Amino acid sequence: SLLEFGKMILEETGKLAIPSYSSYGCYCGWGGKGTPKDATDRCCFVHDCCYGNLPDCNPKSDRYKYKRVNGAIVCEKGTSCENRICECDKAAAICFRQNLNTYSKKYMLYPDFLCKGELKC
């Protein structure tokens, strides 16, 4: 679920999902179009594609379970949708962590008109 993803993001990065990642660049928090602005935005692009691989799943609301094995995220078995959603979220949280070194506040609340063009998954 979105709330679980937000908790995972905070655990991983030390940043609150809202507002650090809810309106960032062209793909974080609201998706759509444009060339991703930087590595963090590319994490969101891929996360959006990942959810897009699951047409008949409901990532915003469906809850999954996971544990930590030392720092590692381990998705625990639930329904097939839950397992796949968890793997999408885990990857995005790791990606955000890997790209904190280039996170830029200038991309928070990024305006929609600066995001044009389709980028295929």
Given for the second form:
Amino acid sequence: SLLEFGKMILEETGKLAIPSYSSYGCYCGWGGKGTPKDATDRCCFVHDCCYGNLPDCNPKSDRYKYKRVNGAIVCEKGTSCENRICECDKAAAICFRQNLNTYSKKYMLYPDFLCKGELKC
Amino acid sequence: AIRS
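Okay, that was the form deposited without its partner chain. Show me the form solved in complex with its partner chain next.
Full complex below, order starting with the chain above.
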């Protein structure tokens, strides 16, 4: 679920998902069009694609379980949708962690008109 | 309320 993803993001990065990742660049929080602005925004682009891989799942609301094995995120077995959603979220949280070194506050609340053109998954 |  979105709330679970937000907790995973905070655990991983120390940033609150709202507002650090809810309106960032072209793809974080309301993704659709544009060239991703930076590596963090590319995490969101890929995460959007990952959810797009699951048209008959409901990643905003469906809850999954996971645990930590010495820092590592381990998705625990639920329904097929839950497992796949968890793997998408895990990857994005890791990606955000890997790209904190270039996170830029200037991309928070990024205006829609600066995001143009389709980019295929 | 609705995040990432």
